[PDB]
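Next up: just one chain, as structure tokens, the form deposited in one PDB entry.
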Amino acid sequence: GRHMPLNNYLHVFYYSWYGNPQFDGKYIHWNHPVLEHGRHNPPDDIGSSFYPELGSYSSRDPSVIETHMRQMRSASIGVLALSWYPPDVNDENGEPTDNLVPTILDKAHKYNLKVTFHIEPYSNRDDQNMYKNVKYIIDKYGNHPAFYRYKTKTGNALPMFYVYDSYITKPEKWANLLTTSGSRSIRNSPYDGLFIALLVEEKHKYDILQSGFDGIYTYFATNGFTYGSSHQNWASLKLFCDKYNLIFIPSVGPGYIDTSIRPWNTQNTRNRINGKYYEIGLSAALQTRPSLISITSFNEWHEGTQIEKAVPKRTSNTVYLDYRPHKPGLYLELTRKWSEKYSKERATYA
């Protein structure tokens, strides 16, 4: 772009699992029926610490999706990594979110954005059904003009898959799918792609290599929650990734708070302090000179990691956190500033 340049190397983690009565005949993923002790239910008493400018919205409302794409466009975010479960599983307490992918791709395309996939730890996820599911994703969505591909050092452009909780499956199983020799190898097929493992522990570095993964990411917004999410380890991981031609993708967040659904977890709470926590993380990511940067999150409201517009709100039961004294778009604007800084700086790397 020009006065709105889209950073194609900036990815944001995006969730399509919210529902309300209007569009889904019910409230879905806005509170948690884990607190009977209800007079604590939407649209007023959502479980999230912050309150969305769009209300207790529906991910399938196309005006919502539009708005989301406008907001991501204003942050200069080129790519959303969409949370994905397969359409053939038990997991989702609702209608399968794979149903929305085609709309999300269309709306994404209006605004010149791209969609990549963030594969959730669905039930019995293993190498075998991952093969089926990777095929499904590429067959169904791979030719859509908004489908994301990343250009390798070669020039060869590939689909990307962030695999959340990748450590759950053993390296010998990953290797069946992700090494050339593997019995179910996607290598050199039209199903090939760049698979990015979620690194939690230092130990995982070596497992990840062994497995045949093409990159690593860190996910968690709380600096210090894991070895991977701790900024002080990022230089070291970057070094390791460069040594072995892995794509290092640090994940930066604006803060963290989930005490609504986990009252005991105040240790992992990180106050936003008017954007400074965000800027500290962004800064530490840029310092590694990374090939990509990921943002946790566009709209993970339950973990309090969202950059999506939030508004002040008080009810009889709840006073929500908010972005005062700044505007609901504070994090979109901070993201734009740091995106531009990242475009400029990246153009100078090897």
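Residue numbers count along the first chain shown, from 1. C-alpha atoms forming the largest set that superposes within 1.5 Å between two forms make up the rigid core. Compared with the form deposited in another entry:
- With the rigid core aligned between these two forms, only one of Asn156, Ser236, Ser183, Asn90 has a CA shift of 2 Å or more: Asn90.
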The other form holds:
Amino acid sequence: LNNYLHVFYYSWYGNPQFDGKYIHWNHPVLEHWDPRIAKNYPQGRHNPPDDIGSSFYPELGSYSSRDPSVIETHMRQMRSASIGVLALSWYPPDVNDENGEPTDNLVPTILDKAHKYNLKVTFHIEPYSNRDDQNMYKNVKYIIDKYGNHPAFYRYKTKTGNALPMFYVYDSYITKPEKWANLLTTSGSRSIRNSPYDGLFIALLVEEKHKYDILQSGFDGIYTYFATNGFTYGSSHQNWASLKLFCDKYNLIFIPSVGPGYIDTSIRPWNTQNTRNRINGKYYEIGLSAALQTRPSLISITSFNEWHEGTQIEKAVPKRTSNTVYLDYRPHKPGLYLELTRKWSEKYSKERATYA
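We have the form deposited in one PDB entry; now please give the form deposited in another entry.
One chain, no partners, no other molecules: that is all that follows.
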């Protein structure tokens, strides 16, 4: 199993059988700002189980994230792809994304199923409202306290030989660098350094200018997130060679993010310009290759199951309804992207042995 390969996991899906209502599968269609353009595009909410807010359709159907057999199936799928760590999208207690319900309750149940299958869980801290250094302190404390002692809880073994919690921080540039300094540098106001709530904090790099923002802040590494090649400076594959060199120069952990494709037109119908076709896994493989060539300490995959954005590697079946033809993995099997991940996971693990 590959402890140096991470996948972004989402636990925000609900259905009537396990939740009493659909959550996320019933997604609003997001109206365009200009009435002239919005007139022409679908409006309202998707009506599951047949009509979901995705271009693809899951083998497990419009599933609930809290269904224990679903979590188990997911774990087995990851296992079969040689992914060791799942980076769990996280919001604080009783907070959630705008189309979801709080998901911190699932964490104990997710950890259990992860350990059952010898997987590790790390945390992907979402931009919850009024996130700053203070409540970031509180929430890092929360995570390490509640979940730190669980056997599935992920720690990365440093060069020093000290195993530390990892935190991926999405949209980290929202908070000013000098506020992050309070949390992330040794002399900071509310510094987590050399305390029991220490960790490797990974900042999201969108733009070139952020290199210096991140340096100031005290972050331990950078990650690119976006599946779309060339959507941002960071998600452009060509800029990776450059970013690796920068991270090695200032002792940062560079974690590139690779995706199978992108299509979110089921919930943003104008946004065809950002669609990247999977071209039967060739786009995913060109991604992985580019990521491997940087000789990185870790690699991340966007995503396991972001169904809305069409970036999932989870199993997907062909499906057609009264007025939709879902995209599928044909001519290949439902497990294609898991099967491809495995091949590249193994190549990576054998190569990584020679730069450790």
